[PDB]
Each structure stands twice: as structure tokens, then as C-alpha cells.
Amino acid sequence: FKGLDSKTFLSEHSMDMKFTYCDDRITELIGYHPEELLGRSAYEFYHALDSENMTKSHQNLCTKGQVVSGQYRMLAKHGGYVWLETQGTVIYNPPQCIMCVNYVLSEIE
């Protein structure tokens, strides 16, 4: 059993969802090192069956400014998928980037 903080990790993205920053917490959870994620679109990691829903979720975030993803699966470094939910928020200026708070809902399956 893990405490709430240990199953949450923050990420930052450009508007096309490429990773620009990721908290090191992701490594214990999903296996990736933050530095290997930079420049990869998050969409590379979404299960096929969640892809159409995440595309709609992204459009909602871009239109509204904030979104909650609902449950989806993210591919782990050493195969397997975890269930996650993400709250996304667009940071706008005087859109600049997307801030994601990601919470793991499962073990690697």
C-alpha cells in the first residue's frame, strides 16, 4: 500500500502534449526517467482504446482552460499499463504550456 503523495506526479507539456518537464516520482511508478520523456508526445503512451477519448479531452482543455481526463491507461516503461487520471490546466500569458497532475489508480497490469 502506497500513501497519496507517492502515487501522484506532476508533468508539464507544450500545447501538442510533448513533455517539457516531469517529476522524478514517475520513475517508481511507471519506470520512466524524466529526461527520456522530454520531447515525446504524451499520446505515445496512451492505450489504443483510450486514444479517441484523450483527443476529445485535449480539445476540451484547449477550449476551456482546465479539464479532468477521466480514467485512462498509460504504457509503463517495462510493458504493462497503469490506470491514471489527470487534471490538466493551461497556463496562458499576458496559451503557454499545460500543467498535469497525474494520479495512478492501479498497479502495472
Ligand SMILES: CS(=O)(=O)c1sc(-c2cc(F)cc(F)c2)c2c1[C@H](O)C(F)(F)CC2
Second form
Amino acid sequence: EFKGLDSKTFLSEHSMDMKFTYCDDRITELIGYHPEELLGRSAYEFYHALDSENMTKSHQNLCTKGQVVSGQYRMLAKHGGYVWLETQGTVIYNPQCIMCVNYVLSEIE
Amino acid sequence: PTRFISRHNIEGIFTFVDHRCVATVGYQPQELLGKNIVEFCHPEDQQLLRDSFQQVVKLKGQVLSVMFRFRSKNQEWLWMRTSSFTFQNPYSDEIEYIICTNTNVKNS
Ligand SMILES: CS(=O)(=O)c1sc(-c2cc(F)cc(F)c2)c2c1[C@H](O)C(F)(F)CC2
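So that was the form deposited without this ligand. Now I'd like the form deposited with this ligand bound, please.
Zooming out: every chain and molecule, the one shown earlier first.
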């Protein structure tokens, strides 16, 4: 068996410097991390080196436009390896934070 | 900046609540889950909150902010700024749900 689209989605909150300020408990089943170990850590620390420049350009688009769709990128999984993700980013103003809807494209059982 | 994330269906029912709600509005997530956000709303602001949820689904992922009075666990009306946007996974045709950031703000 393999997980559905909703069971492969998790929410995350970030400050304007990309650091995690909140993470959905769902990330544990998908990528292995516990939300408490991600807090205060920049999301950039987890990107695959080949997705680095693309994610930088997407973050720059998210800041100028306020909303962005990342495209496919890899995130380093806790016990090694990388999962492929697709995020929808939205900046909350009145800039206060970035709300992310992260969907794991990889096959998760 | 005391804020919490919530997720709602189109009718306003809380389907997900982030644990930072205990510090913001005094309730544990289990006390909000399955209930409608309009039930904790000040009667003067309920129609504005219902109309806001109906319009956030027509706004194609854009952010809709709404100010309203929320009845905290400690029985007080707190001013809340809720920033909402619809999300729908583009690989699917699931019904679009609403994601919110709820902050206690000053009305001054
Ligand atoms: C919208 S984006 O630029 O694609 C993007 S994807 C993403 C992300 C989220 C995760 F939970 C895990 C992960 F690996 C990456 C983030 C972003 C933003 O740059 C940011 F909010 F600042 C920082 C977080």
C-alpha cells in the first residue's frame, strides 16, 4: 500500500530568514523529523545542493509577489536519502511569517 | 506575536488546530476540533466571518484578512486578525480547504 495526497501533505510556518517556527507532526511519518528538532533551523540546510539556486529564486519570487509554487525539489530525510517535495508558499503581512503547504511527491508507504 | 495556525473546511469547521492556540485563545486543540469558528465569534462579527470564508474560496489562493472578536476560554472577547487562503492540491480535484493564521491584535 501507498499513502494518499492528504496523508502526504504537511503544513509549516517560517520566519522571513527561512527558519522553521512551526511544523506539522505529519512530517515525522514522511521525512522522519520531529517538529522540535526543526525549530530555529533554516529550511535551506535541508535542500539538495542541485536544487539550491532554484529554491533561492523561488524564495525571491515569494518575497516580491507574496505567494509562490516552488516546483519539484529534494529535502534531506532524517535517516538519510532525499524525498521529492512541492510547496505552495504564502507570506502573511500586517512581513510577519511564511505559511507553507508542503506535499511529498515521493512514494511513501 | 501570539498566533496559531488552523485549517477549516468550506463551512468553517476546524479540521486542524496548532497547539499554540492554548496561549492565544485558551483552548486545547481538542476543544476546537469539529466545531465551527463562527461559534466562538462575537454576534456582531459572525456574518462578516461567514462572508469572508465564502469569498476566500473565490480568491484563487490569495490572502483574505478578517478582524473579529473571539470568545477566549477565560471568557473574554479577544480581537483576532485571521489571514486565510484556500489550498487545493493541484494533482487532485479534492474540495479546497482553508488555511488560517490567527493572531490576537490591538483594535486601537
Ligand atoms: C515557497 S518556497 O520558496 O518554495 C519554500 S519551500 C520551503 C520548505 C518547507 C519545508 F517544510 C521543508 C522544506 F525542505 C522546504 C520553504 C520555502 C520558503 O523559501 C521559506 F518559507 F522561506 C522557507 C521554507
